[PDB]
Amino acid sequence: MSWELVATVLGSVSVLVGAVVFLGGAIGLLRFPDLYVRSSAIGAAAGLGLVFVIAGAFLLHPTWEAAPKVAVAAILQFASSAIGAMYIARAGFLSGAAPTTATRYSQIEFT
Amino acid sequence: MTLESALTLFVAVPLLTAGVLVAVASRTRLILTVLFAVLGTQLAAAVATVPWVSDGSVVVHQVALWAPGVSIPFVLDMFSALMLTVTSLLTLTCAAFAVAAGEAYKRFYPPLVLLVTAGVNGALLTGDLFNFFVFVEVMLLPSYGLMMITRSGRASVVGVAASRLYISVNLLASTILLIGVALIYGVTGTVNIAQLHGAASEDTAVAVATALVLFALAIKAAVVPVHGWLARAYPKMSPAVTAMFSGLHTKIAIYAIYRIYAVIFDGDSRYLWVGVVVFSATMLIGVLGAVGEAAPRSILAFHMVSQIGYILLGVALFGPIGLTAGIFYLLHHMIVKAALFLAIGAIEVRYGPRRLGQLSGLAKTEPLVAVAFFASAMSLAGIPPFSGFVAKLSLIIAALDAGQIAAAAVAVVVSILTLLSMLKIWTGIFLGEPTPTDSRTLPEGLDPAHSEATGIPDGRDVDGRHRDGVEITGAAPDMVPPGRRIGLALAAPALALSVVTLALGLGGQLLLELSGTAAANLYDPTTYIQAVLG
Amino acid sequence: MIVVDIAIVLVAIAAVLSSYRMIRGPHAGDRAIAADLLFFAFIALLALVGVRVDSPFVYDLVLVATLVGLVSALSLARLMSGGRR
Amino acid sequence: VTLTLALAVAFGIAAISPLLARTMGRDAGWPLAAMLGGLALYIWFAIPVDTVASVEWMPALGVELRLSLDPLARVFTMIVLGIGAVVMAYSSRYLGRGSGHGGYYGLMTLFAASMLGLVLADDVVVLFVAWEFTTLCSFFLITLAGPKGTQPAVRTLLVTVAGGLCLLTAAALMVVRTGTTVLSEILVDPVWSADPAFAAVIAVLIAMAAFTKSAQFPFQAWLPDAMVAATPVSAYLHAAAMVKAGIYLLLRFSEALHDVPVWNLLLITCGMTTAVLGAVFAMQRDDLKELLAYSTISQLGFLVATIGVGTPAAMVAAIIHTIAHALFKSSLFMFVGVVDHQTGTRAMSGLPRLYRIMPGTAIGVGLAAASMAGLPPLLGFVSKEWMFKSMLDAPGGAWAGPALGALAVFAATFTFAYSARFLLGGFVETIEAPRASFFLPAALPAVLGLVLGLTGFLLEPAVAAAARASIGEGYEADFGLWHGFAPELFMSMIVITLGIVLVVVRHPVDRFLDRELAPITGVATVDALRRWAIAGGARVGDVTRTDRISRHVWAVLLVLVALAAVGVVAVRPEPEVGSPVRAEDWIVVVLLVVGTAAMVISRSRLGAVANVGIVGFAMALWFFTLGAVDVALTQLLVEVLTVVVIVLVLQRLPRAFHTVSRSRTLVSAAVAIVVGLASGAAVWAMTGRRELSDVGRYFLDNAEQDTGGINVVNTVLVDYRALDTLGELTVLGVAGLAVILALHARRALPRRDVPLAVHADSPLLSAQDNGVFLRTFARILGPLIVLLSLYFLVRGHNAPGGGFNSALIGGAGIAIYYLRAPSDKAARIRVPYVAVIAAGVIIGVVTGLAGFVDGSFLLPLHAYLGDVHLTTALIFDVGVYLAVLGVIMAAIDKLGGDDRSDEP
Amino acid sequence: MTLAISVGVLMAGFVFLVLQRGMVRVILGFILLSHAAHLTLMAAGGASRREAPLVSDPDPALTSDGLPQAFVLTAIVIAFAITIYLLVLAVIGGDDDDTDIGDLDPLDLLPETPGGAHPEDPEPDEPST
Amino acid sequence: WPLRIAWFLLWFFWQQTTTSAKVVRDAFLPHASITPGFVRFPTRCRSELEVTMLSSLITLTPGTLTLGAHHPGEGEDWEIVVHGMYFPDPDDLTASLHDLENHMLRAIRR
Ligand SMILES: CCCCCCCCCCCCO[C@@H]1O[C@H](CO)[C@@H](O[C@H]2O[C@H](CO)[C@@H](O)[C@H](O)[C@H]2O)[C@H](O)[C@H]1O
Ligand SMILES: CCCCCCCCCCCCO[C@@H]1O[C@H](CO)[C@@H](O[C@H]2O[C@H](CO)[C@@H](O)[C@H](O)[C@H]2O)[C@H](O)[C@H]1O
Ligand SMILES: CCCCCCCCCCCCO[C@@H]1O[C@H](CO)[C@@H](O[C@H]2O[C@H](CO)[C@@H](O)[C@H](O)[C@H]2O)[C@H](O)[C@H]1O
Ligand SMILES: CCCCCCCCCCCCO[C@@H]1O[C@H](CO)[C@@H](O[C@H]2O[C@H](CO)[C@@H](O)[C@H](O)[C@H]2O)[C@H](O)[C@H]1O
Ligand SMILES: CCCCCCCCCCCCO[C@@H]1O[C@H](CO)[C@@H](O[C@H]2O[C@H](CO)[C@@H](O)[C@H](O)[C@H]2O)[C@H](O)[C@H]1O
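Just so you know, the sequences run in chain order A, B, C, D, E and F. When the count follows this note's numbering, it moves up by one through the first sequence with no breaks and lands on 111 for the last residue. When the count follows this note's numbering, it moves up by one through the second sequence with no breaks and lands on 534 for the last residue. When the count follows this note's numbering, it moves up by one through the third sequence with no breaks and lands on 85 for the last residue. When the count follows this note's numbering, it moves up by one through the fourth sequence with no breaks and lands on 904 for the last residue. When the count follows this note's numbering, it moves up by one through the fifth sequence with no breaks and lands on 129 for the last residue. When the count follows this note's numbering, it moves up by one through the sixth sequence with no breaks and lands on 110 for the last residue.
Same shape as in the complex, but just chain A:
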């Protein structure tokens, strides 16, 4: 009803969703054969889960001086979780990360 209880429950469900996403991206780091599957899962998990946790935390005590420092932080988290995983996968390919035996097609030679 009130304009603060909605924010409270929204932040609560948001931090729960973000924690669940972090747990899913961590379980991905266990039951995934490749480095590239791992990075493809992490690039999404570490970004979405962390943005969710940040926004939910902000909703659980919505100060007015921290809104820009969260609006910038969310975009930076997304871009960084994308680019870090991209470069980790690329450097793993260069360093010689063997792709899993269950790779149906690869248009990039490994040597």
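Some clues are possibly wrong.
Covered stretches of chain A, as calculated for chain D (at least 3 residues, CB under 8 Å) [unchecked claim]: (1) 7-20; (2) 85-93.
To list a few chain A residues with every Cβ distance to chain C over 12 Å, as calculated [stated by the list, open to error]: (3) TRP3; (4) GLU4; (5) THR111.
In case anyone wonders, no lab produced these hints; they're calculated from the structure. Just so you know, even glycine gets a beta-carbon here, dropped at the ideal spot from N, CA and C.
Chain A is already provided as a structure; the job is to place chains B, C, D, E and F with the ligands on it using the hints.
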């Protein structure tokens, strides 16, 4: 300004001029003028601040003028003043030696010496514990840069392994000191040394933290259980850098042990037996390692360990006489060891680092450095015509007075081994017929011909007719017959500090009175605590 | 704030699992992707803890840790490539 | 003060002797002989028999330069300065016709000055000073004659200091016991009669101090080899320069320590053993340089034995024999020198007995060796019969008295034997007789011996007055060769008889007792001790021989474990205040434990740096949980800037850590567990036991009122304890300069050549075309990082992060700029960073030094401009910002890549 | 007691790493030791008050003490400088960062011509005779 | 229009929690149900910004990842290397990537 606000100028003038000598670092003449001007004005300020506290007074300046106990007190109590003047004299003479040797023209040598001097002045004048740690790091960081400055502008694998060992066992000692300060602040309320006037004889919880602090300072001072790091790091350094360090770092640790055990522990006299035991074991093991060695500058490191055991024995004999003996021994020994690393260092500059026996007859071809070495050697062994005799005699008197017969017996027997090792040096370097030796003054690894490095930029290189501080002939090996290689500019800094140790032997009452007035600030710190806290 | 404690325990369990992957990582690149996921989980823990111990000065850190969990991740890539770009 | 004036003149003689030696080549021995002897004629005449002059030297130690001229000194100064003068008169003609002889005279006259200071010593400390003065001058005199005597000089210095420093211990003991440093007040102290356990120790110490200055039983192996020096310095050192120093010390201290049994025994038995074993070895030796040394040894042994007798009748004999010996041994040495310099060799193939060229220098040796043996019409005979009369009443009962005489009779038999061998026998034109000004200074002591043996009535006043001043009582002395048949003479007709019988049977005797002797003598016992000392020192130094960190840290951790074992039973903790453990605390503890374990079990350098970053993040979360926001910020930034540097230095090193053998990880882990438990207990039992520090309550109470800022941490860092911040910014700048110096002194390892297993024509290569992701994200991360570094720099006084977080968040931007570059050439930071460090340190120290305007050093000078509290803390923050930024620039530009592009 | 468990674990990690082989494996131990020192410094300020001292009027007995926070804030920078210098030391000596070296003094003296400057007069004190 | 941004961010968070549920489902797929494959994809982006944001959007998608970018042409045509899970036929992967590229270029452009 109140003439006590100017007490901080011992740390502000170097830190400024150093920061200046980093900006204009290519003008070697200007920076070598400014460095010696600052070192001379610092020596003058210290020798003029000695008459200020000769009446047992204690000058305390609350930095930034906050409440007593809130800010960092800068104290000056005829112990800090004596340490200031003697260490500044040592720094001045070692810089005057480095200018002639070949250092002080490399990049950032004048700034680093001034930063080390600022750190030493801070660690001496400070009155609280954590800022003492900060100033110890301010003293140690430029020391690590000076360990790479060499006469040839290069560095070897040995000279970098010694630096690794030095920084490793010093970062560990610094962090142990930090943990001790943290535990003192945890059990007590403050890190100020004054507000800990007696917080070591009231509860053992603070006594264990203060023992941790004293153990870190003992690591920094190279007492007998932790001493190999100093015997294996000082030999592998430039002859001027080791001479400059011989009187600063370990001696700042000695001053810290004195101040801490005199103020915090209040000279509790219950834990003096451990001091006696450890420091007598130091006096013994250091001189044993010395007589066992075979290198000239590696003997003096173990001798420095043994003399550190000698000095710290003055605090294990706490009282009016033991503290006086220990302070006089500190002020004499840092001067002598400076004059000893400058005489042996002046040989390693012209004749290269060799073992004992590879040279001979240097007492005939180079009488200046031979005199400067033998005077300091007899003073180190405690021979009457010099200062060390007064120090050892007062120390033996204080040891027999306190009833410590074993410590006195060790401190009087170790002089025989000290004399044996100094005579081994004198016989293997100076006595003999002058034989022709090869012109090779740089071991393979430090010379600018077998190293892929670019070398530290020399200051006297813009002339064009200089490779790395060597007079290349220009453009438009065979054994050298015995001669005089060490000019006056190289044997003069080792000789100046070799007549100080004789002026202090003949006229020693002047320094004995100041040592007594400095001890009166340790066995009775009421006038110091009453000055820092009001 | 029971939801925040639940989220903290879940993020801690995720961090522990990803650090297990860090330890038993076959290829050196797995020990870097686990480091990335753990840096992001540590930012999440910073936020959730700042919620628990109610603090206004949290997101400064959150604004900085993202500029830190990235530079300390790209560099790891720069180390897997042997320094070569 | 006239006695101190006499001593000062004796030292000024040594000060002026090099000038005379350079002016007069060798004739400089003529003025000194008439200047060092005339001084004697002054000290004897124009100074009363007992004057005490004392000038202040060191009132702190209670030491004063206090000279006394008691009759014992009145005899010993004479016997020193007269022999010194006659030796100068002899050396003026002995030395070659050279120009540079200052090194010889400046020492041989400083020897006389040091001896004068020793015998004229009423303070025990100045006595020790003159003792070591003589020992140093003697060391330097033996170091002459080239390298022939560099080892004998070292052994002489070592042996005479090992004893000359026992005298230091005796002096310090007598000073701390009797409370005063005066020889005239210590010997008459009632301590020598109260407790004999102290007088015994002092007697042993002083006997050892005088057995080394002389050459007695254990320490006799430095006189026979110190003969390598010139024969005039041997004459002085043997007549009275150093071997009489120990005897004067035994005579002076005999006033107190004469009734203590250990003194009597240690003196008598040692002196008699060395007398017998010096006379015998002089009988066996061949070179007259060794024979004279082993004869001086035996004479000093006789003297110390008759001193250890310790009765008034014994000190008279000791003094008269000291005089007789200082005469005849000096003349014997000078005559050996003259007979060597007038022929050319003392022994090259032997030499016909000196009575071949009889006129001039043969009757001199006949008058010297005769008194050395004790022939009746000489001074040696009356002195020897006085010694025998003294020894007959030695202590130890009624049996060990006459046994001492029957031992002295053996020693005197052997001494007559070797003196007769001296006068005649092989010691394996020349009509140019010794010059009248060369043989005369060598015949003055030999003739003085005769004229003092015959006219013996001239010595009883001085000798008896010098004996009642060496010990308490006095003895009516007479030296007259009276023919009253007493056992003092029956053991002198036996000496001559058995000695004649011995010298007429010399060959079978010497071929008999030589094979069955075994090496009691010989210098290979002091060299053995020096070798043992050197070996033990090498075995002690071999403990810390290896200069590797893993060992010298073990010495630190062992003492840490010892201190922990002490503190475990030492510390009793106070009750806790509140509870320092929260719910959201075990999660960060678990994350930190997991990160630390993954770091310590990581076998690859990349896993280790990843775990370092993780531990840094966990420590930042720790600092933020404890309520430290600024510290958490700085920890995050320092973690990222150390991960960057570890990557920059790991791209040059191999991929896996070095494999360390088992049974070395086990011991390391076993000591790590112990030190970890110790540190954990320390932090658990010492932290949460007090309410709040008074300085902490002050900072939280008077932060906004004193400085206008609410960020207590930043105000403490920049306003209250600004010296710590100045120190740490100088530390960082210095670390930057030191990185520059290190990478200028040694070439850093090149980036390790990783074999990229991908072919050229494939994507995921061509960094210029493949770094497009970072080269674009940096277009929005550059301005963001710059405005963030400027955001923290101004808000630092009322919000987390003042200047260090501001600077490290710009260092992160510099790391981004490095990672962004296409290749190694563009990655080099193209700004002057050494000048930036200089400017940062300058700005910091200046804005701290501007406080003197109102206050003192490092005090803010806040000035209000409308509604902004503008303060110089902002300028100090700009300074530290520049410093840290320059340090990061240097660390990234020097370590990043290789790019050797700066030199012709 | 958590601030004690973490300090103990960090100190154990330091003592282990600093005793291993390799200079980087020692710099990591020194990093852990600096972390332990910073943590025990933060523990000395009570650690029972978890509120930041950044409010307008800080409430004593409820906010964390500021002096140990400044202490760790300075020690962090100091240890960071020393760690930077140790890391740049790790990549200059030798061709690796290996630390197991023995007596290294022979490599800093001159070639030491045998016998000495006087091979005819060996010192009787040296046990090598 | 003061509450436009709130509606926008809430719609964004719904379109992101659907992606998050997709991620969580992707973490629990059985083995042999992931069929990773690499694909060279011509990007049809001119400037650097378009191609890097396309690659980031491909990575943030829970089923793909962009390894790197390069263009073997004169100065244009950007190519990317995309790795895809549960895409058993490369044509399916390229069709999904073409859909994403169209949906993005129709947004960030004139
Ligand atoms: C290489 C060694 C060189 C020679 C070393 C000479 C050391 C001589 C030390 C004499 C000190 C006399 O001072 C005395 O020291 C002893 C131990 O020694 C202390 O005695 C203490 O020692 C241990 C604890 O460690 C306990 O067994 C004892 O009960 C306790 O009192 C006395 O409290 C102190 O009065
Ligand atoms: C036996 C042979 C060796 C004997 C060695 C004797 C060496 C010393 C000689 C005695 C010195 C004469 O001592 C005289 O008295 C004063 C009173 O302290 C000494 O001391 C005086 O001079 C100097 C000042 O420059 C300081 O030591 C002191 O402040 C002052 O008291 C002086 O040095 C000297 O003027
Ligand atoms: C280089 C030679 C060194 C050998 C030195 C030996 C030192 C000799 C002792 C020096 C002092 C002699 O001691 C001195 O003896 C003379 C001469 O008998 C005495 O002299 C006194 O009696 C004698 C007669 O017997 C007469 O000269 C006169 O009646 C009166 O002067 C002095 O009262 C005494 O002071
Ligand atoms: C130059 C010297 C400087 C080095 C100084 C080193 C100081 C080291 C301090 C260690 C502290 C010792 O810590 C404490 O010491 C006290 C003092 O006897 C002793 O404490 C003792 O207290 C009571 C008596 O009051 C005993 O009944 C008890 O058994 C014991 O614990 C123990 O030893 C230890 O509890
Ligand atoms: C899978 C990895 C994560 C594992 C998680 C493990 C952490 C969960 C166990 C925590 C147990 C609870 O731990 C306990 O928390 C209580 C509060 O409830 C703390 O209690 C303390 O802080 C609370 C505030 O929170 C105060 O109100 C209380 O007065 C004080 O005592 C205790 O000091 C701590 O011991």
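Evaluated hints:
{"no.": "1", "hint": "7-20", "verdict": "violated (count 0)"}
{"no.": "2", "hint": "85-93", "verdict": "holds (count 4)"}
{"no.": "3", "hint": "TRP3", "verdict": "holds, 19 Å"}
{"no.": "4", "hint": "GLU4", "verdict": "holds, 15 Å"}
{"no.": "5", "hint": "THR111", "verdict": "holds, 16 Å"}
Checked against the numbered hints given earlier, this structure breaks only hint 1.
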